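Novice: Spelled out, the chains give:
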Amino acid sequence: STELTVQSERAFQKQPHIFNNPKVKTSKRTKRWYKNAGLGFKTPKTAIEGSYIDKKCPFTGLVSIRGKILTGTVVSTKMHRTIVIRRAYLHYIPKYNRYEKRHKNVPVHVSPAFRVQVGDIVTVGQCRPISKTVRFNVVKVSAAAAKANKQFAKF
Amino acid sequence: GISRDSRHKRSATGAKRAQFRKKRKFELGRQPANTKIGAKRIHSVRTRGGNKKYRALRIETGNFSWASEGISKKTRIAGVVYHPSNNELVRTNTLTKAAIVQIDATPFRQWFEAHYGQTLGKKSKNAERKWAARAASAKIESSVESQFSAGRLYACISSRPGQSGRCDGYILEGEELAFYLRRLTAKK
Amino acid sequence: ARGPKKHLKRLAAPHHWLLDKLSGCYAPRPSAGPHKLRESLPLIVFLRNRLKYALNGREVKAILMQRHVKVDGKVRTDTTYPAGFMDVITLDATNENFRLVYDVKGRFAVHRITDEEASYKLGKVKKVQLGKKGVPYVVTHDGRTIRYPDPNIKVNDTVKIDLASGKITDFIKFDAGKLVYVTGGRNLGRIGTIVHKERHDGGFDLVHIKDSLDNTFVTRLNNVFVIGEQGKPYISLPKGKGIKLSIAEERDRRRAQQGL
Amino acid sequence: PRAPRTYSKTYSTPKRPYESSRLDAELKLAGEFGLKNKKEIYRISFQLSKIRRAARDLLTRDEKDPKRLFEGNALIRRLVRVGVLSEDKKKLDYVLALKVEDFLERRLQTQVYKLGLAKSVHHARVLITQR
Amino acid sequence: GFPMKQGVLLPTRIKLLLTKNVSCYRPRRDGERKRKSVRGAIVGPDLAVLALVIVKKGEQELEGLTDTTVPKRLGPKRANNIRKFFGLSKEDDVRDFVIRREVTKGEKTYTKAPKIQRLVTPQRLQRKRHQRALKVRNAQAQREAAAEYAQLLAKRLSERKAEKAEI
RNA sequence: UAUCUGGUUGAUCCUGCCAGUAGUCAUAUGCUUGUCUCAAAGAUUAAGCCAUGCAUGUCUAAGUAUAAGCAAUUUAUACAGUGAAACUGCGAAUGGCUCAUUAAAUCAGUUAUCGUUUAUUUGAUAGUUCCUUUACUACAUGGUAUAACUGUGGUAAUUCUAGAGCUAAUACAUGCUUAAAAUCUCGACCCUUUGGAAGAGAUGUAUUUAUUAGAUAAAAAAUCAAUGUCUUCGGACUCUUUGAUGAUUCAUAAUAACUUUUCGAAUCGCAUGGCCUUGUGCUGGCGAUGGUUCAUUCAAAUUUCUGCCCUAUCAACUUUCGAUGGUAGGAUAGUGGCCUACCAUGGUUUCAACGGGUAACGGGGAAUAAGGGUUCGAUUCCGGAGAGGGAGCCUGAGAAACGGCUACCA
RNA sequence: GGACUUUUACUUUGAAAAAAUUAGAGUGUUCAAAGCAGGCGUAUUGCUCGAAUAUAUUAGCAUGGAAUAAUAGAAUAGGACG
RNA sequence: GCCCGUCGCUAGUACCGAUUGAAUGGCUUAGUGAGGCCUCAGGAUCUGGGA
Ligand SMILES: [Mg+2]
Ligand SMILES: [Mg+2]
Ligand SMILES: [Mg+2]
Ligand SMILES: [Mg+2]
Ligand SMILES: [Mg+2]
Ligand SMILES: [Mg+2]
Ligand SMILES: [Mg+2]
Ligand SMILES: [Mg+2]
Ligand SMILES: [Mg+2]
Ligand SMILES: [Mg+2]
Ligand SMILES: [Mg+2]
Ligand SMILES: [Mg+2]
Ligand SMILES: [Mg+2]
Ligand SMILES: [Mg+2]
Ligand SMILES: [Mg+2]
Ligand SMILES: [Mg+2]
Ligand SMILES: [Mg+2]
Ligand SMILES: [Mg+2]
Ligand SMILES: [Mg+2]
Ligand SMILES: [Mg+2]
Ligand SMILES: [Mg+2]
Ligand SMILES: [Mg+2]
Ligand SMILES: [Mg+2]
Ligand SMILES: [Mg+2]
Ligand SMILES: [Mg+2]
Ligand SMILES: [Mg+2]
Ligand SMILES: [Mg+2]
Ligand SMILES: [Mg+2]
Ligand SMILES: [Mg+2]
Ligand SMILES: [Mg+2]
Ligand SMILES: [Mg+2]
Ligand SMILES: [Mg+2]
Ligand SMILES: [Mg+2]
Ligand SMILES: [Mg+2]
Ligand SMILES: [Mg+2]
Ligand SMILES: [Mg+2]
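Protein chains in written order, with the authors' numbering: chain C1, 2 to 156; chain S8, 2 to 123, 135 to 200; chain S4, 2 to 261; chain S9, 2 to 132; chain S6, 60 to 226.
Honestly, I wouldn't trust all of these hints.
As the list claims (entries may be wrong) - Straight-line C-alpha distance at most 27 Å; calculated BS3-like pairs for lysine-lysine:
(1) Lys93 (chain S6) to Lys24 (chain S8)
(2) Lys17 (chain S8) to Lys105 (chain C1)
(3) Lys10 (chain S4) to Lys133 (chain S4)
(4) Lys79 (chain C1) to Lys10 (chain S8)
(5) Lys214 (chain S6) to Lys133 (chain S4)
Claimed, not checked - The following label-pair restraints were derived from C-beta to C-beta distances:
(6) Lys53 (chain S4) to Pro130 (chain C1): 31 to 41 Å
(7) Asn88 (chain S8) to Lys56 (chain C1): 37 to 47 Å
(8) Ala115 (chain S8) to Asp206 (chain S4): 32 to 42 Å
(9) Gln112 (chain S9) to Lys53 (chain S4): 39 to 49 Å
(10) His8 (chain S4) to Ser217 (chain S6): 20 to 30 Å
(11) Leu109 (chain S9) to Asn96 (chain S4): 48 to 58 Å
(12) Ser13 (chain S9) to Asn96 (chain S4): 58 to 68 Å
(13) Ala162 (chain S8) to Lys43 (chain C1): 48 to 58 Å
Treat the hints as calculated values from the structure; they're not laboratory data. Virtual Cβ for every residue (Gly too), placed ideally from N, Cα, C.
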């Protein structure tokens, strides 16, 4: 989520060991590192064009993506730089030979390279433990908004 | 012993979780080195599987490196002047990683003038060559030159003294330096 | 729970050993070594349960403490020492040389080999890395370290190994149509060439195998042990050549051979 | 900590305890083959029952199905082996038939009598159990 | 019968925690410590016994003390300890300066000396020769493999440059 | 292996339950009990309490022998056989037992470590150690202080131990060493160029920090700052070197330094041989124990996805005193609100949160046989938890250990 | 190797997969419950077949299918291909 | 003929109920706080700033 200020903490936000020599007069001020997480996920330009710092970003930060790759729909965006998705699924009861609707809510970190709204289907990649509960990271937005601009005024 | 299990601590629902098993050692924690300044005192602590961790308590020298100058010297550590985590660390001059310290400058002076032939602030054959070789490269930087006058340089502890018994850092440069300077004075 | 386990309940024992249900309670716990637990055959089980040479285990120490038996050339005197796939057991008395190479059912077989083929082994390299001071090394499925190997050598390739000295004298790249021995899963001990591999980035490449009976089957890559060119194995295969017949097919072969 | 010694029982008992007809039926058999127990009849009909079961379960699988052919043949070759199943009816819809006395007619008890040598189903017993 | 313990002060008893390497306690197990009663190191009339050691000899001899003298039981066993109980320099050669304790079998009187350790001998020197031997030999041997691989790679390069000129 | 029967009425057909019937690796109890084989067994109630004995110790040619021990013989005047005691080393963290707690916990199947530790077994791996660097540092090998033992003692009492006198090391604590080469910084002198130099030091591995390399997505150019190699002196640079992964700041390497400086054999058993300038010179055989880093193996620790019995006479729950997230740190083997600062206001819930109950350890499985089901699993295997209850910790590679210690409670 | 890809349910075959238990093949423990043995000769100097197969579902992985049932698409064109 | 309730006897079960009733178990406020561990000191002694 981040937005504005970027240098808004008590500590200086920077990328580890990405020294920029001040002697060397340069036109871009800050040298910035990045990668592609692989598995086929484009490292969106807003990660390379970005100036945010998030060490928990899978493109600009020091996290690796491995283990389960999951999709689920976004249902909470109130946590600064993280969200809560719901993954629905039917569950088979034998004896009755039918299923029942179930769900779980997975908490997952979301880098300022994505701009996620409630309702967006999102794909996340499993993580090293990143917080008390978050074990996933938003790796791609599948959605958009859900035709919001096609909710405008009158003729 | 301090335990770092998650088995206490409510679950995301807010549930209270019954105690399953007694504390294990392998999930242990220990108390902070809260390392201070002056006169070497280091206590080695025996960690999991052989392995020593070195607890610093009191330290006066540390190895500090001017990055854009490509060198490292070991200076006295003058004191702690800003800490992003806690002010009691600054007030009580506690050395931890990320602490901003002041160091000594006169090793970073002795080297500079002996490598550039310029002197900050304000006759050999080969040296004259070398000194004249360098420059267009001696041009330092305003807010780092001005610090040598004072005799003290701003530098961020970059190691973990409570772990390695080393209190090591880098001189504050460019962006970073400006940052902490802005903080330093708009609170001074 | 508190430290390394040091016992093995007979029943937890691996089943391709063919230990019997009664007559005890424990089975020999395979020592730490070059082969993993659940894919090994401990000296005690070979000298006694296969070769029938010893009667007790107590006799197996007596046999061994005479430095009679030696694995891959070195002597070895550990009643339970983990012997395993591709290794070379040798009884110096009796002139006998063996190789540990899998059945079809999936078990280790008593397979006699020549006095000269017993002087080298095959090893699947399990990784290759850059070591300290820039020296590159390969590591085989039996935990051998070999400094300075061929640049063309990469992970999954098998490798001929001296035994006498340490070195590699040849390798075989993992290419479509190369002789494969299957080391794991239910298709364990079958043999068959390679059709092609399924990629699957981020876990478990499959390898499509076909034997010399135009039969097909799949295992996880890790379960594939390269061992030559179609026809040409670089080691003598046991009888039955790892083909696997139907229960019906097998019954017939067994009940066709009957006229005393 | 030892392996379980496995075991099973070998007989099963009539659902209805007092069926006058099944009782007459049973007693006769005993009298014919020199049995002492109604259990010795229970045992066999229990053997028969399970055999019939496997015979059922097989004959619902397709004709010329692998398991059906393997295990089905096997079943017959065992039955013929002891002389319960007729050489003619060698295809297990008559194992599905079958019946108790076909099993009874083959015990040592009986054979020792059937071909002379005892001249009484009881003498037959007495002789055997006396080495 | 509780013992005293140097430097508790106090003229009473207390219950200290004791460890490896300390008075009035013998650990039964590695890192074992046991809580035990201890008598103070200040003499009261509650003591059963004073233990004392003479430092200066008074004007008169005491019977079983100054009059009688008891030999030290064992003599120097490690090399340079002999060389210092007799003061010898690394010249004199121990072997004949070792102590020698006679003893009798009844009609066979015997002779038994220690077993000098840290004695420099041919056998030791042969192992010192072997160590320095192996280190160098391995070092050279290892250098050759280095160069042999450096060749494999040098004449693999001129194989991607006769292949890059073939086409 | 798809069956029913007795009981409501005067009789009738229903509904419906009660009774009969059969099995139970399902416990008891009663009567009766001859033969072979097989063999469960203080789970249930009281994870209640326990007399006594036992259940953990251990030595190879090869760490330590002046036993004032035995044996004597067979060469051993340092030692040499055998060997108590004791030192040192390893083990006691396995095993055995039990099912108290435990309901998203454990457990299962399936994942993750690019998030760590790992005695051992197996495979590799160390020419660098000193010093202002000709009158040198033990390397033909440096230091004591201790058991056992001897002797003097103390207490009713224990695997209590004190004062005195000895003596070992693979215990303790020290401390030398070795080829050539190249590269780096310094630079005494000389001379003006385009510039070059004798010789001085530094450079094992580990540790800590900062900096750089670690390319590759198809191809080319100009210019600034430094500055590499070859002159056919305007100038060119031509061959130009690259590991793995789906992915990394990876493996590995380079620079400036940092360290109460990790490791780099003061160890042991067998044989005794070459080789001349005849020094007991210089060499040298098989293999034990060790030793750093790497790998491997035995492991461990966390960890993804999904799955639990009854309960709403439990509807809201979670942030006192962390509840959900961000930043920094500290702590740890290491990730992580694990803990602390600061900041924010979040997290869960009728798809049942939270709470309660369980005469709840979870699985592999057991009992019942048309099928669908229903009931059960303390208990031979795997996982987990515990050692009267709690907490704490020493040792150690591994324990929050109980046939270890410390404390409180009983 | 680059550049991008509407989401699902179902079903198929398959990989990964502890043993003991269960189903079940082979074998005459004298029979049997069992067990995993055993069987052949030159029974004076060894020959030899075994120690199968099946079930293993819910979840996860891999692959074939495109019916049935969901989903998203282009209407203020902010459309689609160049 | 059947049949309803008060009332009366015997026995049994459960309910309400003064006793601000009793007991066991699990969590827990506040107060007091053992002990080991870390840490500031200390220095019986015993050597070369350390133990
Ligand atoms: Mg927030
Ligand atoms: Mg073992
Ligand atoms: Mg993988
Ligand atoms: Mg010695
Ligand atoms: Mg009636
Ligand atoms: Mg009636
Ligand atoms: Mg009437
Ligand atoms: Mg009933
Ligand atoms: Mg009990
Ligand atoms: Mg029991
Ligand atoms: Mg002796
Ligand atoms: Mg255990
Ligand atoms: Mg001392
Ligand atoms: Mg040592
Ligand atoms: Mg480049
Ligand atoms: Mg590369
Ligand atoms: Mg690195
Ligand atoms: Mg000689
Ligand atoms: Mg209630
Ligand atoms: Mg945080
Ligand atoms: Mg709130
Ligand atoms: Mg409900
Ligand atoms: Mg319970
Ligand atoms: Mg159970
Ligand atoms: Mg249960
Ligand atoms: Mg119970
Ligand atoms: Mg425990
Ligand atoms: Mg008890
Ligand atoms: Mg408590
Ligand atoms: Mg305990
Ligand atoms: Mg006990
Ligand atoms: Mg125990
Ligand atoms: Mg399937
Ligand atoms: Mg089988
Ligand atoms: Mg009261
Ligand atoms: Mg503290």
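Novice: If a hint holds in the structure, say so; if it does not, say that too.
Specialist: A quick look at each hint next to the structure:
1. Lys93 (chain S6) to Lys24 (chain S8): The given pair, whose Cα atoms are some 24 Å apart, holds under the 27 Å limit.
2. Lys17 (chain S8) to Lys105 (chain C1): holds, 20 Å
3. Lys10 (chain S4) to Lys133 (chain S4): Not OK: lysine 10 (chain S4) and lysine 133 (chain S4) at ~42 Å, beyond 27 Å, violated.
4. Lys79 (chain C1) to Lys10 (chain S8): Cα-Cα ~23 Å, so holds.
5. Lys214 (chain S6) to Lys133 (chain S4): holds, 24 Å
6. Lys53 (chain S4) to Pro130 (chain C1): 31 to 41 Å: At roughly 54 Å between Cβ atoms, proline 130 (chain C1) and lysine 53 (chain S4) fall outside 31 to 41 Å, so the hint is violated.
7. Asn88 (chain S8) to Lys56 (chain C1): 37 to 47 Å: violated, 24 Å
8. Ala115 (chain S8) to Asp206 (chain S4): 32 to 42 Å: violated, 60 Å
9. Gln112 (chain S9) to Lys53 (chain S4): 39 to 49 Å: holds, 40 Å
10. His8 (chain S4) to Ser217 (chain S6): 20 to 30 Å: violated, 59 Å
11. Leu109 (chain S9) to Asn96 (chain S4): 48 to 58 Å: holds, 52 Å
12. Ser13 (chain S9) to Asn96 (chain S4): 58 to 68 Å: About 60 Å separates the Cβ atoms of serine 13 (chain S9) and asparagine 96 (chain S4), which means 58 to 68 Å holds.
13. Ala162 (chain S8) to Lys43 (chain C1): 48 to 58 Å: holds, 50 Å
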